[PDB]
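Got a structure for you, questions after.
Removed from the display is one protein chain of the complex; every other protein chain stays in position.
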Amino acid sequence: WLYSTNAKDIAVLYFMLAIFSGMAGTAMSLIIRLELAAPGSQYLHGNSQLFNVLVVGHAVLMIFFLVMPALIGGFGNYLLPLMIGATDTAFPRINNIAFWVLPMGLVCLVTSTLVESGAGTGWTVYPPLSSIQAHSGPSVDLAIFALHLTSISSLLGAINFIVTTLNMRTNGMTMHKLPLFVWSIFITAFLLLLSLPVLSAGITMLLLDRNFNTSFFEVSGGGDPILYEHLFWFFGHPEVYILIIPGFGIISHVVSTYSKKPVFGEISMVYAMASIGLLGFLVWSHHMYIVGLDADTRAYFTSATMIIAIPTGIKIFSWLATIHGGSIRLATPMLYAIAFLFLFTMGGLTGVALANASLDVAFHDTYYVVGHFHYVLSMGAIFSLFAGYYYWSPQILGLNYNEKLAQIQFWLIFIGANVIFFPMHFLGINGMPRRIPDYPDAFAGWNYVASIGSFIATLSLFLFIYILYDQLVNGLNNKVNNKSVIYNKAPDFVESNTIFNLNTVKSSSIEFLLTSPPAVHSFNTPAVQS
Amino acid sequence: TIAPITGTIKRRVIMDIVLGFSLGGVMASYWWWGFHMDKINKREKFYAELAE
Amino acid sequence: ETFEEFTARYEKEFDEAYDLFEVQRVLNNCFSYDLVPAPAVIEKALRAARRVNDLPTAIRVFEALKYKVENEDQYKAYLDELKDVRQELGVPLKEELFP
Amino acid sequence: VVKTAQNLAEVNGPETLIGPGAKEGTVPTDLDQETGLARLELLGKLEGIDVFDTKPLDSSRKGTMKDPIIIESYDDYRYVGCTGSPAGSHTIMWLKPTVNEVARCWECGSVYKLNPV
Amino acid sequence: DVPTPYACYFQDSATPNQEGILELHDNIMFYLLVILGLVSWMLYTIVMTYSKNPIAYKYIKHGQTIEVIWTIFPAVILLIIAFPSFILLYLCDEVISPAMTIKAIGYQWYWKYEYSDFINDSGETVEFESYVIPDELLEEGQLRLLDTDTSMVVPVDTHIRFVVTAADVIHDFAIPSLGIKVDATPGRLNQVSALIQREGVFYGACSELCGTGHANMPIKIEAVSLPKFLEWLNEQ
Amino acid sequence: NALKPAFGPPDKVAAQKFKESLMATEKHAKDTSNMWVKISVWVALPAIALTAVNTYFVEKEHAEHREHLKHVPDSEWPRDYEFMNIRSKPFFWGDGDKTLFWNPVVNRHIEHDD
Amino acid sequence: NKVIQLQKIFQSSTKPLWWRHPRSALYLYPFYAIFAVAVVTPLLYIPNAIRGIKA
Amino acid sequence: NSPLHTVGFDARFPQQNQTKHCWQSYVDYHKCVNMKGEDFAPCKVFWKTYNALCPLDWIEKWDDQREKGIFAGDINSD
Amino acid sequence: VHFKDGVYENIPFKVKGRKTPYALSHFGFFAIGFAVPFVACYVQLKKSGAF
Amino acid sequence: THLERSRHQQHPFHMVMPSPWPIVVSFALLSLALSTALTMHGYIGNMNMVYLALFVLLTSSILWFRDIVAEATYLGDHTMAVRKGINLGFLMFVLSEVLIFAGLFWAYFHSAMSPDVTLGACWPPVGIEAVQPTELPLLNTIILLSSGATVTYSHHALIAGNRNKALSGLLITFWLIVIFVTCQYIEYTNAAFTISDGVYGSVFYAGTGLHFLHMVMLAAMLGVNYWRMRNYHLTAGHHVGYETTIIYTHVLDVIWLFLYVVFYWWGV
Amino acid sequence: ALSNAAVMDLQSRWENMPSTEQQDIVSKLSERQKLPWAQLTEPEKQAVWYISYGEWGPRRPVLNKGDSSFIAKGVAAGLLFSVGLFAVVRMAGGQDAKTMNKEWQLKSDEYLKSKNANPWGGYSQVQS
Partner (left out) sequence: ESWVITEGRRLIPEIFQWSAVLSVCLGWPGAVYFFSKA
């Protein structure tokens, strides 16, 4: 419905924007890797603009319009009232404006590309390239009004999430007895509250330099452009952990469900997940190790970036101990979660070498960084986004999803996306710079190998669309015959099959005990816990 | 009289971490003693000639 | 916490079962611990199937005893210690049934 | 003649929760200018009884099928979390004890009869 | 130096301040293989030998003696890694005794070097600009997008201090073989120090984005011998 | 009848404890109204009316200093620095209007190309 | 003053809430006029400004 | 037999950013030649410093700022 | 969707009972989201003279 | 009992009715963002489309507040658990409003602790005549300091039970947030350095320019509380539209006391 | 008692048994187990094990018998279609690089070997 205030109809409007914009985030990802398959400007004619335009069109659409409105918006607004037993969210109307300002932020981005210049600044919109002396058009003004409309989407959803799980939980649910996915959006809604004013100041200080020539960062005037480097990345690394703490929430539940065991040391899992967000503020200069910082400052930021391996490493070793003792039911959400423990591990170790200030001088703005963050974004924040769909969509929509067709969609993602991003470390370790339209002739090797895998990942997205179509049409027929899997938890070894049908769902959370799909007033009387 | 049988999985993580360090340890000994000492031997053989 | 304190915790729970649900539940978290129990525990589990009159929940005892035994000879020593209780009741092994 | 409540026992729905008139030249004293939902909880706070239930459930006994645990509701799907018999025994497990069908707590063993109201 | 097609490693070293980076990166990845060995072996014993286990050991939650172990054990690994890192970070900015100063200013699509120390016989600061030779004006044998026309030369076995800045948008000064990278912010000017151990050409690239032609400016550095250096310097 | 006994037992002691905590709501708001009314009219307002005319004592001479500036035309203006008038993308609401508001007496923007 | 009478109107009317006051016909009928003007004229200037024709 | 020679450490500016090492040496050269140039040798030591590590578009910039009397830093000690 | 909860009712689509095939309005929604960069690839290249 | 008790809610939380204000505000921000980034590069000719798009955003937000005032005293679903939510929901909004000034405090300290080479070694740069703190900016403080000392008896006399005392303390508080707007408008016209005079005219006219913009929002928030107290809305025990504004009043008398000690006393 | 023709081979007969008989044979069975065991019929003793712990409904595997051979027959027909879809757009594309075609690389080494570029490793540069 159009101006509805129901807190779970907004969450499906969120999810009709992720897969829309994630398609355009992939089609812009297609053209970039198609142009980079061979030396010489093949498909683009000679234009290096429209390549630096389709990089910021691809990085904004995938971060601010795919992973953020689906992890924080999609699975946030649907499951944060449900798993705490709230009837709706706390402020229901500003939950609606947190959605509808995103398609207006979608219009302000596509109209930033059609205007004659095109934002050729990269995702980090650096000041003297995006000052009015270089980009004279109104293109990048619309490209930061899109980041203004997205910032007030994620801010006004984060205020709604803090004050939901602080007083709208049910009777016996204290803060210690909370689900891990509720704690994960509760930590994340504090970082969105404590980093977006730093972005929305630093973006506005860039808008005032162009249209009002106030010289916040213009050099003729003493405006140092390293201030924007400090100001953007104080948002930028908290923004990085905001896309991955809900990634840690869903994996903490798919593992605990498809392996019939509780999470190993749950109260020590929440401490490690909260000490990422507190430690995430104390590092931002590891994106600018080589701008000219003094040696004692580089010695600090190489230590405080190494400390983040401690609480993240606790969470990986806790997930290994959870699936160890118990049974394992290898359905397709468990396949996405069991590959999250490997691909986020290899993308976390690559950041450890990058965290050294004395080693980053041979790695900054090479493809060793681009091969690093895709192993924790296109495999950390997307695998958990795919796992979050296949674990809950028979409950949300009410229709099963043709399980044996979903197995090959995972397998074409895992062997598909690994063909792109694994040779990307080889281009950066040899010296290929970042954001180049075409490369020197000695880089035609792995740029051809990493271009075949772009079509394996894109065909996987097209196979996901047919699964998304086969779940809707004849989705009811998939739970009356032997296509899909119905019960996520098979009975125990001494459970009778006629006694399993009395007590079916052995869930440790509310959202599987509701009707499928849940009603519009799912709690007209409060639930009680222990 | 059946003797009391216990601890069948406590012996399956002590004998699994040990075979996890000794399976990456002889994966990392090839890197530093068989690959890093391959390139650094080619360096100080080549730089031995450029004093002559 | 102990092993003899594990027996006299489950020698009681199979003496208050009254129902099929409270036998298959108590048998479920009798094998879901670390150790496999002594046969003094598993004797009550067979006896508590006659309290509720259900045969295949007394067959899965000897099917779960085979999996959680850690050594093939010990499966032949649990069966040999259960000389009479398998024979007085009459529940057979699953392999002898060959289903 | 809708006749506002002035006590909890006489409500008869939202027609009689209007409250009396406001005096001129003074503040509203919060008893004469309420509306009908915060008016109802104000009448509860003027008595001892709290209107909205905030109580964790009975977690002192286990309860067999001969002697279950009753959970007073206003519908037929009051969700129950039964983390243990001293309320710290096992992990949580959520149940939906509906009318004429109890829930049975596959881990712990408690029985929950609805008593729907 | 020259990148190789289908390569997987660094380029060949030319600087002891880059020779330490190769010693640091191999010492770091020596410890990132034990951890990847431990993770990927635990993720195959658990997946194989517990997808068939029907009875789930659902009564182990705390593990007190193993949570303390994986708290200090990443703390021991990162403390071992830091001491090669803290030595190399300090000992890469020893600018105590240089011998020649080179400036390098990037004019948004091309570089401009100037050896402004009056050390030659003419009496002026020698300066020139270096553009990439275009695709029309190529000659058969050049390295495309890597080989410019009028390169920068330096002596060997002598300490040289670069001074890198710009008078336009921010863009980087990067050579992978010497291991130097300073982003050249136009309000300021950074400096690096790196002597070259062996003569020969080194190629580099510009890594920070500057606009349209971000790729079309390499930094050709051909270190020559010192009596051959002063022949070029007194001439040009 | 069926399904209709009552609602809940009267606690009957929270009342005359919650209402007894609400009788002190007025009793505490009487003194803290009296504590702040004396400081806002006999402490803070003596600081207002004493220094507002002190501030209006320098207004009559600093506007006179503004009257000094346009008294002489002074085409020999001090030739302001490189940063004093940034004009990349000149302003869109006005012709050569520097800000949203500026008096012309002290914001002349005299161009000296020479 | 006028609050208890407005309690009798806004409760038990079954109209949309923003319409419920009697003094609302001359609020939204001008507001829906000047909102439909101010939302299309930014969109109408879009395809001319893409080509590059300004004032 | 050691021809090449330039500016040493100058420990008051030890870090990587040398944007004021160019500047402070430039002012101290123009402070010397105005305020009691004792000879042209013992304050052209500054002239050897700022001719290095200062771009030749920066030197003509401050030469214009001191030409029109609009230079930022104080060079007139008198 | 504020009333009439059901299996196909909580979605702003209209899956069953459609006058047209649904796969028109499903794949014709994502191809709009997939060909929206190519129209930005078109009109920016066409503005730059080349075709 | 159980018949009349079943004719109400069971949870204290308020379920709002669907209303088309969060969509119309969303079509007012798009028509603002499009009309702004067009008119700054020509493309329109006059400043009329911004003057209407900013006007329709102001009207479509004052009609959102027309619903919440009716939802709180004409239907009145703000219970004890809802009022804790609004008081805590605003308290998270004011945290971002405080931290948005940390971006304009970092900008000053990055431009004053390490002084620049393009301007002089000093701070403020040479030629720019800075604002003296022993003048009218001190009058901007003592007016604002007493404003936080005259709204806090207008709140206490509201609970005490007299309108004429609590209304007099709000009228002379609303004038203090329009004297401070006026005396920071007079100073913004009798200064000597513009928005485009380097950085000292830039970081100064954004850390105080944004604070001047919030005082218009505080004087409007102090305006509806005078309208509601005259029209008999705020009770003696239920006022969340007033306890919200006292938080906004004291927090703006905190960040001004950082603006005064940094941009005036520490600057000169 | 109960007929031997009723529960004989209750492995394939339980699926596609009608629903009103499927819950009828257990009601005939569950009355009979109130007796001392090893008096039951030997195919009847098998048949109660398929009801309580069989592979039907619940305890069905996540993948059937013909799924692991179907998963590998959809992945390898997705690789050998994506690379087939790779060559089609690789055909309809721009002109190749000028310097890539193998004639530069025979003598760009002579530029490199004259200057001693890569002393270890390799400067071979020959990719066609």
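Assorted remarks:
As written, the chain order gives the labels A, B, C, D, E, F, G, H, I, J and K, with residue 1 at the start of each chain.
Here, a residue touches a chain if its C-beta (ideal position, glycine included) is under 8 Å from a C-beta of that chain, and two chains touch if they have at least 3 such contacts.
From the set C:70, C:81 or C:88, the residue in touch with the chain omitted from the display is C:70, counting the whole complex. When the missing chain is restored to the complex, the residue among A:100, A:301 or A:426 that touches it is A:426.
Touching residues on chain E toward the chain that is not drawn are 6, 8, 40-41, 44-45, 48-49.
What chain A contributes to its contact with the hidden chain is residues 418, 422-423, 426, 445-446, 449.
For chain B, the residues touching the chain absent from view are 11-12, 15, 19, 23.
Here, only the chains that are shown with their structure count from here on.
Remark: chain F and chain H have CA centroids separated by 47 Å (rounded to whole angstrom).
Annotation for chain A: residues 1, 4, 6, 39, 45, 49, 111, 114, 116, 131, 211-215, 219-224, 262, 292, 295, 324-325, 330, 441-442, 444-445, 492-493, 496, 499, 502, 524-526 touch two or more other chains. Contact with two or more other chains is made by residues 51-53, 97-99, 119-120, 125, 127 of chain K.
The residues of chain B lying in touch with chain C in their complex are 1-2, 4-10.
Listed in rising order, the residues of chain I touching chain A in the complex are 1-3, 5-7, 10-13, 15-16, 22-23, 26-27, 29-30, 33-38, 40-41, 43-45, 47-48, 50. Every residue of chain H that touches chain E in the complex is listed here, in rising order: 3-9, 14, 16-19, 22, 48, 51-57.
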